[PDB]
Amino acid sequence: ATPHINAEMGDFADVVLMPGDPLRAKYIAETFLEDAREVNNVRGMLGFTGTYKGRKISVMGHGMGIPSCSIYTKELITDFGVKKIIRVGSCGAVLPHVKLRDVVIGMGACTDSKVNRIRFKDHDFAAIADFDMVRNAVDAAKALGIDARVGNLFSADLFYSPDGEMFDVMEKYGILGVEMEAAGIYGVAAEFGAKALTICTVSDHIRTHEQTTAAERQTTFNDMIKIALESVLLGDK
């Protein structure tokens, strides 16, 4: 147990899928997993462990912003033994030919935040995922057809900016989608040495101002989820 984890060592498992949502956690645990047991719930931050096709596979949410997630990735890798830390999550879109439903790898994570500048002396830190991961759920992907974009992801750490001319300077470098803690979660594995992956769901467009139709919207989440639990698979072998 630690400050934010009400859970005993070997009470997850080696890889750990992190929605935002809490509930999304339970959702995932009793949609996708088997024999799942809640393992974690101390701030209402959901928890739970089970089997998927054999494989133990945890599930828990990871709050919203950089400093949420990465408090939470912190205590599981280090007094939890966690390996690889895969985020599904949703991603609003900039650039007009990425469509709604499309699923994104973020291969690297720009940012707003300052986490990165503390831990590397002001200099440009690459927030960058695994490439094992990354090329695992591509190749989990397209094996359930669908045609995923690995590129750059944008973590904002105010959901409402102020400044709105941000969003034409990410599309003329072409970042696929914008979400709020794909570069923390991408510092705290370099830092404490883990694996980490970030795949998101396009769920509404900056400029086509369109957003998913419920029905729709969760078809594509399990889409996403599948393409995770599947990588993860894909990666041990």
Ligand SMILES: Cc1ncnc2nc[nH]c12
Second form
There are 6 protein chains.
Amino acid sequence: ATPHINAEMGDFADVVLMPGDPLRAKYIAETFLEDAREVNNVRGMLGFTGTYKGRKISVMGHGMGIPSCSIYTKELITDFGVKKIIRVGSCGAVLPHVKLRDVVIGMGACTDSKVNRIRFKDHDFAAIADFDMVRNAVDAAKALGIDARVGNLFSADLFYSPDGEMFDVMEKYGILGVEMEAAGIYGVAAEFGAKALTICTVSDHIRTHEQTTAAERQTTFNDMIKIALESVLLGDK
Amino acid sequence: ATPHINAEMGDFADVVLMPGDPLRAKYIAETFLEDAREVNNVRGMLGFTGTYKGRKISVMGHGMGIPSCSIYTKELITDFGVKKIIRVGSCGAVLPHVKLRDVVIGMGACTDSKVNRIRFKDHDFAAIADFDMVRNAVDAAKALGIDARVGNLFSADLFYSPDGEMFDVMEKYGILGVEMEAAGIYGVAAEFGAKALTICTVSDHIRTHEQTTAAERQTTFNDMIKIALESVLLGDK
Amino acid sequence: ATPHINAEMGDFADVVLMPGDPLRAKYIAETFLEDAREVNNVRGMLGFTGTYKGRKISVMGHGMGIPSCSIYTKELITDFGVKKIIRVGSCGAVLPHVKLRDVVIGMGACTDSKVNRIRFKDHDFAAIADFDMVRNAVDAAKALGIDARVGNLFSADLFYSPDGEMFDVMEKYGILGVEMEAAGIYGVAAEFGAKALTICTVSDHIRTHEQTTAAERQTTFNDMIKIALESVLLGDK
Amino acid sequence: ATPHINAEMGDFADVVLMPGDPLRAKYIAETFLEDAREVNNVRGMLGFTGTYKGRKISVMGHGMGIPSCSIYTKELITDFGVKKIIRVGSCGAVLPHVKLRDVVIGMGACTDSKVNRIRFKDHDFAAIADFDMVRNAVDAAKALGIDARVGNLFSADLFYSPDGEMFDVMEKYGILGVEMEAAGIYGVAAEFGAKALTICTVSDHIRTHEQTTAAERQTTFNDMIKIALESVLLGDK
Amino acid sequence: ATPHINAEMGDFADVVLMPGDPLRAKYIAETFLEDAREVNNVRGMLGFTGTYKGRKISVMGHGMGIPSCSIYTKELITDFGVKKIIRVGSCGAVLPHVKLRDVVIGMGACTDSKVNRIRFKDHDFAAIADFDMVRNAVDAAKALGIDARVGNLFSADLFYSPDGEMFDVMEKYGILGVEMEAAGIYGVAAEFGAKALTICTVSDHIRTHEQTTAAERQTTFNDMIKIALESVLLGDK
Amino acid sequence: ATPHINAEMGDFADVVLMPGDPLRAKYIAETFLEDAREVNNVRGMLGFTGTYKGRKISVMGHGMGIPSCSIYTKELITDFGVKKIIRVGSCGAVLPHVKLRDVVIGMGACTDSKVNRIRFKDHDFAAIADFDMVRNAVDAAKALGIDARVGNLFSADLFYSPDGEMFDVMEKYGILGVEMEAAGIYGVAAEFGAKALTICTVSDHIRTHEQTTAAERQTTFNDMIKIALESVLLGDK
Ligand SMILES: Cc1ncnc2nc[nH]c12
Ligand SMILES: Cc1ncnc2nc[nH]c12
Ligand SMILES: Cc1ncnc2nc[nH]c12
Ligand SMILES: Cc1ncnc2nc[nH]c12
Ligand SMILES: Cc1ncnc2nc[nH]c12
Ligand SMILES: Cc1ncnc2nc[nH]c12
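Alright, leaving the form deposited without the named molecule aside, put up the form solved in complex with the named molecule.
So here's everything in the complex, that chain up top.
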């Protein structure tokens, strides 16, 4: 057991999907995992382990923010033998052509945070995902007939940022989506030798100002989850 | 209802106690509040509103890290008329003379986060608590015969910091406790026009390594909650 | 004798009031101290030690700017056993509701100086005053029927700042007064193990431009000195 | 015609291969392209356009350092309609498990340069390559029986860096190779909406300097060019 | 009259020598100027105007630190028609070969301060003296048979710096002397269109740890002053 | 022989002239030096040694950007005993009173590069030329009836800077010319104990782009070389 996870080695699979919302983890466990057992509830950060098409898989919330997901992923990698982490969340759109229900894969992640600079002698550390995991995700989305956009995400420390001019910048440099963990998770993965990937569905559009709500929205969220789950299956083969 | 809180203007008191852990907010509602009523459960961030010796009070977790509490404190302040936020949590100590279970009042909060620099044109913004709130807490503590140090806290972005030596710097400058929120909450308070104070219980020494133990946790934690609740009363008078 | 103070251990009281202007230190010695004795004149930075209602007190100018007062406060603390430093000066206001002659207590001090970043590994060090000293001053002020705001000051390196807009940022974050020392004095206090507090008289509005006028200066200045001197008494009791 | 490219729109292909040394550009043109025609001589930075298996392609040296290649890549993107830039060169390794002559694909590029911060409001921009180009290169390498590693490169501003401890950091964070352009080219591509990729062959090892014959170097360099060239064909399919 | 100088246009010469110590200004006025009249005493910062070999010359203290000298030089340049400022002070040695009684001329000045970054969009502004003034100084020293070293000075914000490793750095890059104003004065000169120069005599040796005291020491200080005075005479011709 | 210079100690003179474009190096050698012998061909960066009025002198292109010239200047200083480096090239002007073909001597060089901060503990290093070399160049220019301006140059990392407002800043602070190497060469020279100078001729004007005939350009370029060459002779005297 670690400070934020009350479980023991073996309780988690070597791969863990991680949404920001713990309630979302329970939703993933019951919707896609068979024989899912809760392996953690500390601070209400629900974690589950089960199987997908016979493969052992875990899913657990990481809370909101780089500081939050950093603790959890680190504890998973160094104390529970987790070798892969796939964040599955929502991001805000900045690019006009990126429509809602578009699955976004963060090959890289820009950031507002100072954590990677702390780690990298105040230089620029390019926070990137594991290449194979990105490829597995793209191929899985393909097999499912889903159009995935691979590019840069932006991990912000302030969901309510005082600088709105930054969004024009993110747009100029092609940032595909804005969220709050990717850069943090990739920094932890590189620091402790594991692999990570972040997948997002666009729920908000800071461009055309139009969030999402319909059966269609929830269908895209599940597609993302399937992409994540199927991508690990391809990784095993 | 805001993006992370499903409640309506009026569901919250004008003062809100906030621990990091949502499960603690619940325990506080059940232990110190009468007519406890759950006003939010989005993302499992349990929020309660009740009464303490006649005063309307609210208690809701804020999650871990500056990005997490910044979201909640902001939404409470701008959409629920919350005037005062009182963070009640745990912190690690760096000063040898600061022993476990000690109660620390964060008059100020240092940080390695970039949030305030982003707000303050990259200059040094002194993240400070509201003076009256600090004084109220100091007084409530004396009335309860409890010792309470007043000074600087350090809000870290990385619980698992790769910069060990920074703790020597914290010690040299008198940091009373190491946590992960104060500086963010104080930043938001100044930005959105509210008042805040962070009270922390010394859960361990970053040096010695002695995580919370036995039933000591409850007494001290209850003392902190007692100090914060009473301080709110002295504040009204 | 230190490099900038020709005095000997014992020439100074354990508490020292310090205005920026050396000529003010003299006026204070003559006006409020009995048995006033000049203990330093190096670089014309007049220093005095006398008695106030029986208490041994010292008053010496610290010059203008963080680099200047850092030198003096440091030498007093490390070579003359000075335990408490109380800066008593003037400040420009940025908040419309803060009017001229207002008395401000710097609980905290923001700055655009790099001194604290150099001390704090380039992180954010919250330059704060000693809590008891702030409280003593707030009380001394009430006993004198004087209004005194408590909050953040901004210590600027450039009196003639080429960044006008920064004042809007100061206003937005509630800076009560703009001066040029607080943050440095608080930094030195933490570094060398002493206590400090900065009290300022609002000499004008950075906006309106209304430099000190008539005999109002003397009354208010004397009120500030009265508040600082009395605060030292409440401190001993 | 631009400040450093004396040619007209159409003279270059929509895809440009760029070696560090200009001499290599002429070699590439006469060794792998057919019907090559010179298109630029300014500053001795030779430029060539021709075909590889029917595909129109251009090659030209980009010089050493982020500033040099930023000039050329920018002009090609905005004035000659270039859509893809592939830098082909050498790099030094810091990882023991990375051998000389190993082919490294830079999915991302870290850097100690300020060009990206100046572009990104002083935040962390993750300088990444175009994902499809990365996979094309990996698949082309596989088809040619060549082993290819994908990950981070480090673009140094100083070949003779005053800091030797930084190499330990690079190793700790998995940097595959050290060179001097990638982060700059990726920044430029992002700024002007184009795609870029950097492929390097491990020339030396900052570790234990091994040894390679001019013959072995020849083979490796041609493998890198074929990879690059075949990757372009895969991209078209 | 300006906020820190109680004088009127004409009271100062268009050239002003400035030592840090106001008492030193009086020493210069009486030792080298004929018919010297005090033109300022605000805050005890003595200023004088007289003639040297028939030329109108002024001398005035600037206090200690960039923040201090910035105010004074700015007020002199923009309100008293001063076109030239020559700081004449003392500096600490860092280079072994730079002996005591060596006259140092700061063609440039490095710094710890953030003031020039505030002015220069956070970039590197090379704080330099006016070339002609440097040349006049070198020629004047020559005519007097004095060996002047021209190079870089280092303007520190902290006379008592917490980082001693910086001195090795200053030494590695050939900094000839350490003081506290040059960089500030050069920033003001460039900002308001005037010319400045800083001349120093080495009084302390942070290398061999040996200050200076003798008739010889005071002879070198006067040589520096003569150099400054004679250099302006050459400037007029 | 070094990584970028295939020559041996003695092949170069203790003084090296460096133009941006390598083609210019061959021109300088056959137009102003006698008995010239090639000493380097690596990467097409031609090197030559010979004599000018009996004085041994070398010339070789340094490429574009701080990173490029830093490599070459460092190797020449540490491996070929070079004592003086004179960069001769062009620059863009931002000051209206600075006309095309004007000769500019860089006593100092500002920059937006991080190389000097990385070298100087993140402080402001004033990248300055060797004073004697500056005066030699000014005197040589005078002797040749050429007008020469002395002051700051700005070494940009990005020829195509995203910020256009910075040019206003440069103008406000008197920058005489914009180029891309000076600050880097001065940094290197300071690091390895050598002397450097940068001389530029105003090629274009970021203001109103005027016009110059290839003939006028020829004349101006030769004037700059003579200046440089004659300045070396003056330095020897
Ligand atoms: C609109 C917005 N801004 C910042 N971070 C976000 N994550 C999701 N949506 C976001
Ligand atoms: C090491 C550390 N960092 C931040 N918050 C903490 N609480 C307890 N220990 C902590
Ligand atoms: C503009 C300004 N800056 C710093 N200190 C001051 N006191 C009065 N006005 C001031
Ligand atoms: C140390 C270093 N820096 C930059 N590029 C390189 N290629 C090989 N070694 C290198
Ligand atoms: C020793 C020392 N350190 C820092 N600044 C100084 N000015 C003069 N002497 C000095
Ligand atoms: C804009 C710019 N940047 C860098 N070097 C230059 N030479 C001429 N113009 C230039």
